[PDB]
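Next up: a single chain in structure tokens, the form solved without the ligand.
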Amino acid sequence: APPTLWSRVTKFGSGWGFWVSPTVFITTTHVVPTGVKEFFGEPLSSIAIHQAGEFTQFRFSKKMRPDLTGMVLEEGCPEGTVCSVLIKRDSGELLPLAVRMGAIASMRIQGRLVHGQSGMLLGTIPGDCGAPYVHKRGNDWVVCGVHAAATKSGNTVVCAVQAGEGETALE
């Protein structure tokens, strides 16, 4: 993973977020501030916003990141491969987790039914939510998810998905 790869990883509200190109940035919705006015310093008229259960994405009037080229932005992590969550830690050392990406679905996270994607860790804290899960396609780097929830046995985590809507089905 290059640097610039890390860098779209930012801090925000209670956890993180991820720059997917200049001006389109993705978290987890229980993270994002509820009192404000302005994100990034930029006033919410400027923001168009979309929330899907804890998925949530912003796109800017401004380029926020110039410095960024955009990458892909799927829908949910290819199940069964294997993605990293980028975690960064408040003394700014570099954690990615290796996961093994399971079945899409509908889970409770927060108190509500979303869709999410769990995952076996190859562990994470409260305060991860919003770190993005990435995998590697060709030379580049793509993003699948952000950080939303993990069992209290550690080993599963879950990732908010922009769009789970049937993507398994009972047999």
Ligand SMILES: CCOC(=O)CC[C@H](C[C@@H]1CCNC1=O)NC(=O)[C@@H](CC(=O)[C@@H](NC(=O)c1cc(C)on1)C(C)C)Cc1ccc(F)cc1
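We call the rigid core whatever largest set of C-alpha positions still superposes within 1.5 Å between the two forms. Residue numbers count along the first chain shown, from 1. Compared with the form solved in complex with the ligand:
Summarising the superposition on the core between the two forms, the listed residues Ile26, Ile47, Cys144, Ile109 contain exactly one with a Cα shift of 2 Å or larger, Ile109.
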Contents of the next structure:
2 protein chains.
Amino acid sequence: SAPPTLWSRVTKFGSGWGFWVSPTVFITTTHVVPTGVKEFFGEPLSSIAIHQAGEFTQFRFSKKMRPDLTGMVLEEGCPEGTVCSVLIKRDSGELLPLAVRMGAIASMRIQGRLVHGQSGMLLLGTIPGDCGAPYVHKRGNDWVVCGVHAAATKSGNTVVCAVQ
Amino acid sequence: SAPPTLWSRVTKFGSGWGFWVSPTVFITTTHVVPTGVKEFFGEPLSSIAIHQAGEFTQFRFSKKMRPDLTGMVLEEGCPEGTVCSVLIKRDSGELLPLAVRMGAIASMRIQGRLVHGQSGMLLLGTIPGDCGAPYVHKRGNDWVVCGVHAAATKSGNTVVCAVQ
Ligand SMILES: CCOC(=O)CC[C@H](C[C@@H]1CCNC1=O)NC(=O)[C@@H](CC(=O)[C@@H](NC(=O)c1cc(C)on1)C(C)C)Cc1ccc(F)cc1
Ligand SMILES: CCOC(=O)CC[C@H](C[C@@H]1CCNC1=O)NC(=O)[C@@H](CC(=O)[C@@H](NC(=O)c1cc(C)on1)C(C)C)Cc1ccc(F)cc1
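Would you generate the structure of this protein in the form solved in complex with the ligand, following the form solved without the ligand above?
Once more the chain from above appears, this time first in line as the rest of the complex follows.
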């Protein structure tokens, strides 16, 4: 089970969620980012370092936004067969950790866009507001984040996280 | 260390917090409850059974609001000497559990009103926005909630939870 502090990194953002990797680094999927705004979390966009590609968006703020957190390891996906937890927060406050057996890392075309992602099989599914939720796993003594929720098939049995 | 599901019961409400004891029962303190609203969590006030006893307020909703939750043990305070955790969330999303060594249950005047509460000694103090946070402890294998945060002395050393 993921520690409470790890869940506390999952933050409402735009039309979904994002995740604090460190006091200054926030990750989410590109579709949930709000547009037509001049600030994120009260910080002007010109003050934020941004890397956005393949449906993965990373922000690095110029001040400590979550000084309570330790910077954790972000990896580009995980080994095939890893069982990740998708840390889904629902608007009720429910915490819904979904177990996913991860498959291949690949570039895919989803609704006409290039996603650099990893597919996995859900072990009762994700919904539109869940985009941005982190995929995490425990390696030895440390938690690792390796993607953010981006898509699922119509049946709902398969999910895709964007990776960086 | 409280599990994530226990933290997920801590819910922003009014000027502070409240706590889901069960899918239908929500507790908070009287001073946190907002006036001039027509709804709580989308439910009209007239559809909720609201019980106020001194500084303790409980809502019983007529629909399942948190059907993910099991109903837990709500006790009228705890044994003297128990070290509780007060499950405080701060505005950033930071989790700030505070340890409190509990003292006596009593009827005490706080700002002119006789409150049924349990005092304790904090072991980085509490702030106005923390009212309604739950006082919890683990008894054997089960977590127990025994009050909600209501007050603190000017010095900050003594806290009071309202009990029912
Ligand atoms: C701002 C709008 O976007 C959002 O709402 C983000 C939240 C939802 C979450 C989905 C929503 C439902 N269940 C879920 O888990 N995501 C999407 O809708 C994505 C599309 C799908 O999930 C589709 N899946 C595939 O095409 C698909 C193909 C494969 C493989 O896996 N999924 C449909 C389920 C809509 C949006 C998207 C489009 C192009 C991309 F580059 C990347 C993403
Ligand atoms: C609208 C106000 O609502 C709120 O903000 C609720 C949150 C704060 C949290 C305090 C705020 C600061 N640090 C804290 O932890 N609570 C209070 O302010 C309470 C008053 C006190 O804390 C006072 N304490 C005592 O009198 C007192 C006596 C003993 C014993 O312990 N505390 C003062 C700290 C203001 C409000 C109250 C009044 C009459 C009652 F029936 C019962 C409660």
